[PDB]
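Number of protein chains: 2
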Amino acid sequence: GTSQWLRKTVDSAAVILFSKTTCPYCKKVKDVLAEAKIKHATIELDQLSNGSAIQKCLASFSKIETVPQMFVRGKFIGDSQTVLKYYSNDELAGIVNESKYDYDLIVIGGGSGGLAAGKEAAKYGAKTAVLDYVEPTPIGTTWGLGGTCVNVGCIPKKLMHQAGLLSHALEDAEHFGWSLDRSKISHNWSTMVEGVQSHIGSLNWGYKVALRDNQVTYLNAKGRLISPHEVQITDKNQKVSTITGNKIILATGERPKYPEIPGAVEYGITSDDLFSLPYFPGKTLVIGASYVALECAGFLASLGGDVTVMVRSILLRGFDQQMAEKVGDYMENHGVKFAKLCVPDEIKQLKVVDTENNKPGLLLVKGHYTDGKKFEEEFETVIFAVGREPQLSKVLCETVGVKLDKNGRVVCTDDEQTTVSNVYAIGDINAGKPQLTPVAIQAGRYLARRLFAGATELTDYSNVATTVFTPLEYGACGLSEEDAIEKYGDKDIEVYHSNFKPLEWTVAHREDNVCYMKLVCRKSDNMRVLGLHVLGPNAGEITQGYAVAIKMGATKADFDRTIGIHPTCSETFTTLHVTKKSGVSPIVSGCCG
Amino acid sequence: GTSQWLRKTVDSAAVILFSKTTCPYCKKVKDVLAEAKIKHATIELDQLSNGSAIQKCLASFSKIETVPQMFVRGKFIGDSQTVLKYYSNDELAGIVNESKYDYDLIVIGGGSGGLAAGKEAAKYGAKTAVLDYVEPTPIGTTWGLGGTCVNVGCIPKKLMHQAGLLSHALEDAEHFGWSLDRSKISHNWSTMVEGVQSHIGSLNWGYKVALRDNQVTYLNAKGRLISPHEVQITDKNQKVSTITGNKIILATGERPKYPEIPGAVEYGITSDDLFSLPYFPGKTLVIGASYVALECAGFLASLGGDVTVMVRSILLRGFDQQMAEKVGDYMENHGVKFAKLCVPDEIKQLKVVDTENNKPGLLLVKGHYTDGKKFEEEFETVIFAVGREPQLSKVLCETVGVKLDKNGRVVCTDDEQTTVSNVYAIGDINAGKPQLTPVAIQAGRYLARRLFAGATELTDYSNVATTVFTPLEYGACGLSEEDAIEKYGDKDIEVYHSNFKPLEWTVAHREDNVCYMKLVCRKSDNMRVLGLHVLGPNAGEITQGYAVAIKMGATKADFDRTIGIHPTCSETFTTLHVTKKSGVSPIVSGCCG
Ligand SMILES: Cc1cc2nc3c(=O)[nH]c(=O)nc-3n(C[C@H](O)[C@H](O)[C@H](O)COP(=O)(O)OP(=O)(O)OC[C@H]3O[C@@H](n4cnc5c(N)ncnc54)[C@H](O)[C@@H]3O)c2cc1C
Ligand SMILES: Cc1cc2nc3c(=O)[nH]c(=O)nc-3n(C[C@H](O)[C@H](O)[C@H](O)COP(=O)(O)OP(=O)(O)OC[C@H]3O[C@@H](n4cnc5c(N)ncnc54)[C@H](O)[C@@H]3O)c2cc1C
Ligand SMILES: C[C@@H]1[C@H]2C[C@@H](C[C@H]1NCc1cn([C@@H]3OC[C@@H](O)[C@H](O)[C@H]3O)c3ccccc13)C2(C)C
Ligand SMILES: C[C@@H]1[C@H]2C[C@@H](C[C@H]1NCc1cn([C@@H]3OC[C@@H](O)[C@H](O)[C@H]3O)c3ccccc13)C2(C)C
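Protein sequence lines, in the order shown, are assigned to chains A and B.
Per the authors' numbering, the first sequence starts with residue 6, numbered consecutively.
Per the authors' numbering, the second sequence starts with residue 6, numbered consecutively.
For the record, the hints were derived by calculation from the structure and aren't laboratory data.
The reader is advised that the hints may include incorrect statements.
Calculated cross-link-like contacts (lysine to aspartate or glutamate; reagent style EDC-like; alpha-carbon spacing at most 16 Å) [unchecked claim]:
#, chain 1, residue 1, chain 2, residue 2
1, A, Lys561, B, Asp563
2, A, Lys189, B, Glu179
3, B, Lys189, A, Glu491
4, B, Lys528, B, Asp563
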């Protein structure tokens with residue numbers, strides 16, 4: 006029965022009020038708690054499906070079945086009459102003072118998932134502490150609250166990709182009858198950086214206002230967990246303190262990697278420096294083939310620069326290789342020099358940085374290919390998106406047993422639960438689960454719901470749709486072609502593929518039959534769609550809806566019976582019939598396939 | 006069981022071939038037919054639910070169980086031996102090209118649905134004649150083959166839509182570090198006309214090539230049906246001739262109506278004369294509140310010319326009124342006059358059309374509101390968009406019984422079947438079926454499959470999503486708020502609403518909280534999503550993705566389970582929690598809901 010739910014609720018949370026809609030006394034005590042400015046995790050028993058076992062559990066634990074029953078921090082206050090009596094002597098504010106632990110919940114790391122979990126816990130009754138600190142970049146750049154995705158990540162990346170799309174739109178406007186010259190239009194990088202930084206500062210201020218509104222104690226200081234309840238604090242003023250708390254959330258997030266080569270740390274930069282540096286990188290070298298490196302090089306090239314991507318092994322490792330190759334070809338066509346199959350060796354400085362003149366320095370790069378030829382070049386800026394490593398060592402010494410591989414930090418089971426019962430890890434921390442922003446937010450929210458509200462729903466991690474914001478976006482949800490062939494077998498996987506030219510590219514005279522599209526359908530499950538991909542403009546908007554459709558298993562016949570929206574670039578999804586098994590070329594020019 | 010499929014196939018389809026995969030003789034006869042360039046509508050017996058029933062029906066009709074069996078007009082030629090002997094004697098072409106009717110299929114109306122049906126029937130082993138003709142009742146520009154959607158309706162609409170969005174993009178490029186002024190930049194409307202007409206001509210050439218490939222004969226002749234198996238046609242040179250056919254497909258479509266008053270025909274223009282108009286309309290009056298009228302007015306306004314919409318009763322009749330008002334306000338905020346609750350009385354001329362230098366002549370408009378106020382203004386052009394009506398009287402003889410309402414339309418049953426057994430109506434004339442291009446295309450393709458290949462699946466006209474390409478696009482799927490309230494009552498309908506802001510509008514300092522999202526769900530069936538609505542940039546892609554999601558039974562909990570794509574607009578649908586019953590303001594700025 007609901008014995009497990011009652012045990013989970015009573016052993017956690019701050020205040021939980023069991024009530025029903027029919028009983029007027031329950032509504033009265035709810036109103037009394039509301040007018041006292043007391044946040045509570047009320048539960049409606051009548052509307053809950055298991056309306057019988059809850060009464061038995063209440064009789065077993067509270068020794069009384071008369072709802073409403075309000076419970077605080079391991080202490081049973083009593084019925085509505087008891088709460089009214091406590092408020093009569095003005096002790097209701099006094100009795101809501103948490104417990105032996107200083108905080109109901111402490112989040113280490115003010116990232117998107119961390120802040121979402123903090124807000125979710127705060128609006129469910131508990132008093133929450135949030136601890137966010139950013140170790141300064143070796144160059145010296147620093148950002149405020151918001152985490153990686155917000156401060157230096159999702160938002161600035163999309164803003165600069167939109168700038169690149171505007172750059173292409175300037176080219177297309179001449180073919181669209183607008184009196185303007187591409188030779189007479191130039192990009193002011195500094196103004197763009199100032200604007201995006203102003204927007205991100207506004208976002209940080211809004212986040213601070215929101216967190217202080219939910220009665221959440223935020224301290225900008227490094228946190229280091231000592232025991233499953235105790236954590237030490239290193240303030241920016243080196244004022245080390247110590248706070249205890251029953252519930253701990255680990256949201257240390259992630260920090261960009263460096264290659265252990267001479268001169269990389271003191272001369273190179275990462276995404277942390279890229280999104281806030283004043284000058285313009287110009288002739289730029291990018292190290293690493295992760296999707297972040299590719300999109301960064303993409304919108305640096307689209308903004309007048311001439312970037313050289315230096316791929317080590319393969320473009321977009323972990324993604325589908327066919328559309329990875331297509332994306333690389335598109336970058337090559339628009340002025341991106343791909344130094345594939347090469348490995349960096351060392352870097353040096355030739356001309357010192359010119360921060361007084363706001364000009365980038367000059368850096369010499371030495372590397373070697375797979376055959377060891379001495380690759381030599383000079384660049385005005387070198388960016389190291391070689392990967393990302395988490396610094397869980399300096400936040401957890403030996404308290405929790407967390408297995409970690411290369412690029413991994415912890416081992417975690419379902420319900421984001423680690424080995425320690427009262428320690429929870431969300432966001433990028435969990436290994437073997439996607440490192441995305443919405444998944445982190447959902448994990449935090451659902452963790453707060455399960456802890457301080459008694460919820461039973463568990464956050465999903467499968468079929469997580471992603472989109473990379475290259476000059477032309479790539480959005481995928483599900484499985485790749487190679488992954489499907491490896492898992493379900495070559496003969497059990499059917500791929501529906503096509504090439505389409507968006508209606509926005511006709512008069513503009515852009516490239517035709519480049520925007521690719523593919524499906525992954527398995528015959529054993531009635532042509533069930535497994536991996537759905539799109540490559541072209543606004544790929545994320547197209548991909549999100551079809552990810553939603555895939556979530557509960559949309560079949561190929563479902564796509565066939567669905568009717569398109571005219572005119573849109575996504576139409577060809579509901580008109581997919583070409584098969585790779587037949588080998589028919591998907592080059593659709595003029596008349597649609 | 007399969008008797009009905011067999012009888013409809015033999016009595017309707019042209020060339021049929023019952024065969025299996027395991028039998029090698031069937032593959033041999035397939036190869037023989039392929040070498041003879043005689044395409045066939047083959048059916049794989051071993052790839053169907055009940056092969057034994059098909060074999061029993063064949064024994065009841067073909068008298069022999071041994072597959073394969075090839076049929077022409079349903080006649081039993083025989084087995085593979087008979088077909089091989091006939092091919093050796095070299096008279097199979099005459100056998101397959103002889104019948105009591107001149108053509109197997111006659112399709113009147115060369116629209117997207119018409120060409121789709123023609124190609125689907127042709128590649129399914131049949132001979133078909135597609136007849137299209139356009140009668141320019143106004144001064145007119147007789148566009149070639151391509152139908153309403155391609156020649157006039159859809160493609161030019163989205164082309165000038167992207168022109169308007171490029172106008173907005175140049176306006177907003179100031180904040181993205183682009184060195185221009187938006188004052189020295191002007192517009193070239195003639196460039197619009199020439200480019201869009203060039204693209205239309207390329208599409209027409211592609212369509213002609215496609216119809217030539219599918220061996221379909223196309224004659225630009227007026228269609229006028231006579232008897233259930235014969236039609237008399239009028240060539241371009243007034244050469245009246247007579248053609249008989251086995252089956253008839255009606256795709257007459259519709260043409261814009263006219264508010265018949267003196268001068269409304271010889272002076273004003275409609276959408277037919279809008280997408281090829283040599284001169285820029287400039288200060289324009291728009292008549293009617295249909296989505297075409299608002300789309301055209303927004304196009305001209307964002308292009309630069311001030312426009313005055315003149316709404317009779319309500320904006321966007323048939324859509325949700327809330328977003329209708331929102332979209333109207335969005336045009337109003339960008340310089341679109343709105344003479345709401347007004348109807349026209351007369352139009353006259355002051356200056357003749359100045360065609361020597363391509364300048365529009367001046368016109369005077371007189372009308373009255375609901376209170377009789379004498380509205381009196383001057384416009385050098387008036388565009389009449391008061392809906393479209395079909396000319397069945399010019400295509401269909403009165404001897405056959407059909408139904409027409411005030412707006413026209415043709416009565417028809419579920420399987421696109423008219424009163425006559427071999428006369429079929431698809432496109433914009435079906436009784437109660439949506440007036441959309443994919444509707445016509447799917448209806449034509451599925452009808453051809455059900456006719457000349459014995460298909461079973463029917464085209465779906467339910468939950469047909471749409472998108473109107475106003476300057477702020479509006480895309481909806483399912484139902485509306487008022488429709489849901491009428492259907493199930495207030496207590497059974499729950500609305501989730503959100504006011505969001507695209508990331509592309511942050512630096513640009515565009516409108517905030519203007520964008521909108523609405524979700525209509527029914528409580529009695531597990532919060533099943535009925536009507537979903539989006540109002541923002543690139544709404545068509547989101548709307549189609551979510552229409553595909555909804556069509557196969559998507560609930561709100563399914564939306565919650567989905568992990569969003571960050572950063573885009575569409576993932577805001579996965580964070581829908583505000584309810585209209587609670588009355589919380591949709592406006593979220595920093596917390597973003
Ligand atoms: C350039 C770039 C682009 C990206 N684009 C996308 C994208 O489009 N979509 C997407 O889904 N994801 C994207 N990501 C990933 C995204 O940054 C993460 O997935 C997301 O931030 C994870 O959420 P979080 O709550 O862990 O936030 P995080 O930012 O990962 O949380 C880390 C925070 O905790 C703080 N912290 C760390 N250790 C401590 C400690 N001991 N004490 C106190 N505070 C501490 C850090 O200072 C930081 O503020 C991108 C990342 C980068 C670098
Ligand atoms: C301004 C405008 C915008 C539109 N935008 C959209 C949109 O965004 N999305 C969408 O889905 N739909 C849109 N439509 C609708 C779309 O144009 C039509 O619904 C589409 O053409 C339907 O296909 P059809 O079979 O009716 O072809 P149609 O082209 O409508 O009809 C076939 C053609 O045959 C002609 N014809 C008539 N009688 C005869 C005869 N006796 N012999 C020969 N030919 C004849 C007709 O005039 C017509 O041109 C729009 C329409 C207009 C006017
Ligand atoms: C669906 C989509 C589509 C795009 C490709 C991969 C997925 N998203 C990218 C991605 C997500 N993880 C996540 O970290 C590792 C795991 O923790 C997690 O399972 C995984 O989702 C990656 C890791 C390396 C490399 C790329 C990724 C594809 C085609 C299957
Ligand atoms: C989903 C969407 C959303 C937008 C509204 C209607 C649907 N599509 C618009 C529409 C489709 N028909 C079609 O022609 C008439 C009928 O033939 C057909 O049934 C109808 O779908 C219209 C007619 C007049 C006016 C608008 C329309 C709404 C809110 C339910």
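Hint check:
{"no.": "1", "hint": "A/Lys561 with B/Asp563", "verdict": "violated (19 Å)"}
{"no.": "2", "hint": "A/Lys189 with B/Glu179", "verdict": "holds (15 Å)"}
{"no.": "3", "hint": "B/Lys189 with A/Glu491", "verdict": "violated (58 Å)"}
{"no.": "4", "hint": "B/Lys528 with B/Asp563", "verdict": "holds (14 Å)"}
In this structure, the hints that do not hold are numbers 1 and 3, in rising order.
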